[PDB]
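Q: Here is what each chain is made of, one letter per residue.
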Amino acid sequence: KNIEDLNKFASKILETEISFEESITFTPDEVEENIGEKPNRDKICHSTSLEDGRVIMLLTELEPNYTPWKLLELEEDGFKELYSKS
Amino acid sequence: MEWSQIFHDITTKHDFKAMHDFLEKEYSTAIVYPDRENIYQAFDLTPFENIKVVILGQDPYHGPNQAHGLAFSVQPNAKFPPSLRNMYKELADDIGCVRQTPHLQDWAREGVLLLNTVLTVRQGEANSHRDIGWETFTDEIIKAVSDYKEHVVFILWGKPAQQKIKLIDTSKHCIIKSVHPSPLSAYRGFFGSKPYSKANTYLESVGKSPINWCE
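If you read the sequences in order, they're chains B and A. Read left to right, the first sequence gives residues 3 to 88 (the entry's author numbering). Read left to right, the second sequence gives residues 1 to 215 (the entry's author numbering).
There's no promise every hint is true.
To be verified - Simulated restraints on C-beta separations: (1) B:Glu63 - A:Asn77: 31 to 37 Å; (2) B:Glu6 - A:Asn77: 32 to 38 Å; (3) B:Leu84 - A:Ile31: 25 to 31 Å; (4) A:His14 - B:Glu83: 41 to 47 Å; (5) B:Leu64 - A:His8: 33 to 39 Å; (6) A:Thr11 - B:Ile15: 44 to 50 Å; (7) A:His8 - B:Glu83: 50 to 56 Å; (8) A:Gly207 - B:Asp7: 49 to 55 Å; (9) A:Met1 - B:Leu16: 48 to 54 Å.
Unchecked claim - Derived pair list, reagent style EDC-like, types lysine to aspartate or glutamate, alpha-carbon separation capped at 16 Å: (10) A:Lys208 - A:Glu49; (11) A:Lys194 - A:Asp93; (12) B:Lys87 - B:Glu63; (13) A:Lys159 - B:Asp31; (14) A:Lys79 - B:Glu53; (15) A:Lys159 - B:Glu34; (16) A:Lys166 - A:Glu135; (17) A:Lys89 - A:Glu215; (18) A:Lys79 - B:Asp54; (19) A:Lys208 - A:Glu110; (20) A:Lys159 - B:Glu35; (21) A:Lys149 - A:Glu2; (22) A:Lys198 - A:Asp131; (23) A:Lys172 - A:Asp147; (24) A:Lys149 - A:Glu49; (25) A:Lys17 - A:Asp131; (26) A:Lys159 - B:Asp44; (27) A:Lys172 - A:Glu150.
Said to hold, decoys possible - Calculated Cβ distances over 12 Å to all of chain B for the following chain A residues: (28) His8; (29) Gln41; (30) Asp59; (31) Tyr61; (32) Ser128; (33) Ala186; (34) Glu215.
Worth flagging that the hints you see were computed from the coordinates, not collected in a lab. Backbone N, C-alpha and C fix where the C-beta goes; we use that ideal spot for every residue, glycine too.
The whole structure should be built from the sequences, with the hints applied where relevant.
A: Printed below as a string of structure tokens:
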């Protein structure tokens, strides 16, 4: 599995063309300090800026499977959940 | 001291044959970024003796026309990735200047070693080349910069980067650490970080010329 899969997944949930530009590994403490929930495992945050000025972030598990975990849009003070396993 | 000597000592102490064979086969059979000829670009544009500042990245960008062998940088006529946008936003808020290009070759020439901890990646596959040996190499680079250089600024964004403080003699060297400039982390402490002025203040405190962060 690869970025095509995550682009399709995230494009379905938003109903416009998403192309992820970067993938940054975060530790659980780091996910906690930013979104409130502390996972048991490292996440990779795949991020993009859209034409409408929106910033979309898909958190996934590590390689090799990059299984989605949460999809988020950036707001003034926080984030908007657009998908969650929990 | 020259990269040639440091690369020689590193390649005596560790056998990279299995890594070079694997990577040969990878370039043969897959899209691997950056282009073979750019893997070491951070070393070419920043000789060992010109290192004033080290900025660590994770792995190269894995999309076409993105990575060129510098951490965070992309190709001049390529989309500005979110982390760079936030680096550029803070740089404008901190130093004052607004960068029109997303190419960081001018930083490298100023003396910023833009070193990814992992120097290759398969297309679309974040971390695909994690722990094929690149961290063994990079760790020795970071150790070398700390052991032989006198007063260097290490800028460490996010925890994975901050794990390398182990390799740094924090009595000789300046450590500027903060949450990642990724849009997931940026608003929780990267804005108002001022890594660029902080670096320049430290470099002037030890008789080194400032880095020109602007174009």
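Q: Next step is simple, just say for each hint if it's right about the structure.
A: Hints and how they fare:
1. Between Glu63 of chain B and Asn77 of chain A the beta carbons are some 34 Å apart, a value that agrees with the proposed interval 31 to 37 Å.
2. Look at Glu6 of chain B against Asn77 of chain A: about 23 Å separates their beta carbons, and that is not inside 32 to 38 Å.
3. The hint said 25 to 31 Å for the Cβ distance between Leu84 of chain B and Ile31 of chain A, and at roughly 30 Å that hint holds.
4. For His14 of chain A and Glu83 of chain B, the hinted distance range of 41 to 47 Å is satisfied, since their beta carbons lie about 45 Å from each other.
5. Hint check: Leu64 of chain B to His8 of chain A, Cβ distance near 34 Å, so the stated range 33 to 39 Å holds.
6. In this structure the supplied range 44 to 50 Å holds for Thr11 of chain A paired with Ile15 of chain B, their Cβ-Cβ distance being about 47 Å.
7. Under the hint 50 to 56 Å, the C-beta atoms of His8 of chain A and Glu83 of chain B, about 52 Å apart, fit the expected range.
8. For the pair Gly207 of chain A and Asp7 of chain B, the beta carbons lie near 52 Å from each other, so the given range of 49 to 55 Å is met.
9. Between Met1 of chain A and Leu16 of chain B the beta carbon distance is about 51 Å. The supplied range of 48 to 54 Å therefore holds.
10. Restraint check: the Cα-Cα separation between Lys208 of chain A and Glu49 of chain A comes to about 12 Å, which is no more than 16 Å; the hinted pair holds.
11. A C-alpha spacing of about 8 Å is found between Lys194 of chain A and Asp93 of chain A, which places the hinted pair at or below 16 Å, so the restraint holds.
12. As the CA atoms of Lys87 of chain B and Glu63 of chain B are separated by approximately 12 Å, the hinted pair is consistent with the 16 Å bound.
13. The suggested pairing of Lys159 of chain A with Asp31 of chain B holds, with an alpha-carbon distance near 9 Å, which does not exceed 16 Å.
14. Proposed proximity of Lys79 of chain A and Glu53 of chain B is supported: the alpha carbons are some 11 Å apart, at most 16 Å.
15. Between the alpha carbons of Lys159 of chain A and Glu34 of chain B the distance comes to roughly 13 Å, so the proposed pair stays at or under 16 Å and holds.
16. For the hint pairing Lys166 of chain A with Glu135 of chain A, the CA-to-CA distance comes to about 14 Å; that is within 16 Å, so the pair holds.
17. Restraint check: the Cα-Cα separation between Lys89 of chain A and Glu215 of chain A comes to about 15 Å, which is no more than 16 Å; the hinted pair holds.
18. A C-alpha spacing of about 15 Å is found between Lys79 of chain A and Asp54 of chain B, which places the hinted pair at or below 16 Å, so the restraint holds.
19. Only pairs whose Cα atoms come within 16 Å are accepted, and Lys208 of chain A paired with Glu110 of chain A is accepted, the gap being roughly 12 Å.
20. Taken as a hint, the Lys159 of chain A and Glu35 of chain B pair is honoured in the structure, with Cα atoms around 12 Å apart against an allowance of 16 Å.
21. Between the alpha carbons of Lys149 of chain A and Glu2 of chain A the distance comes to roughly 12 Å, so the proposed pair stays at or under 16 Å and holds.
22. A C-alpha spacing of about 32 Å is found between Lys198 of chain A and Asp131 of chain A, which places the hinted pair above 16 Å, so the restraint is violated.
23. With a CA separation close to 9 Å, the supplied pair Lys172 of chain A and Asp147 of chain A stays within the 16 Å bound.
24. With a CA separation close to 8 Å, the supplied pair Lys149 of chain A and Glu49 of chain A stays within the 16 Å bound.
25. Taking the CA atoms of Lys17 of chain A and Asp131 of chain A, the gap is about 14 Å. The hint holds against a cut of 16 Å.
26. At roughly 11 Å between alpha-carbon atoms, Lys159 of chain A and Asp44 of chain B fall within 16 Å of each other, so this suggested pair holds.
27. Of the supplied pair hints, the one linking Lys172 of chain A and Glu150 of chain A holds, its CA atoms being roughly 6 Å apart against a limit of 16 Å.
28. No Cβ of chain B comes within 12 Å of the Cβ of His8 of chain A; the nearest lies about 31 Å off, and the non-interface call holds.
29. Listed as a non-interface residue, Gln41 of chain A keeps its Cβ farther than 12 Å from every Cβ of chain B; the least gap is roughly 18 Å.
30. Separation of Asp59 of chain A from chain B is inadequate, the least Cβ-Cβ distance of about 8 Å not exceeding the 12 Å criterion.
31. Distance check for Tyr61 of chain A against chain B: the nearest CB is about 6 Å away, which does not clear 12 Å, and the non-interface claim fails.
32. Interface exclusion of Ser128 of chain A from chain B breaks down, the closest Cβ pair being 6 Å apart, not more than 12 Å.
33. With a minimum CB-CB distance of about 9 Å to chain B, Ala186 of chain A fails to clear the 12 Å threshold, and the non-interface call is violated.
34. With a cut of 12 Å on Cβ distances, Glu215 of chain A stays outside the contact zone with chain B, its closest approach being about 21 Å.
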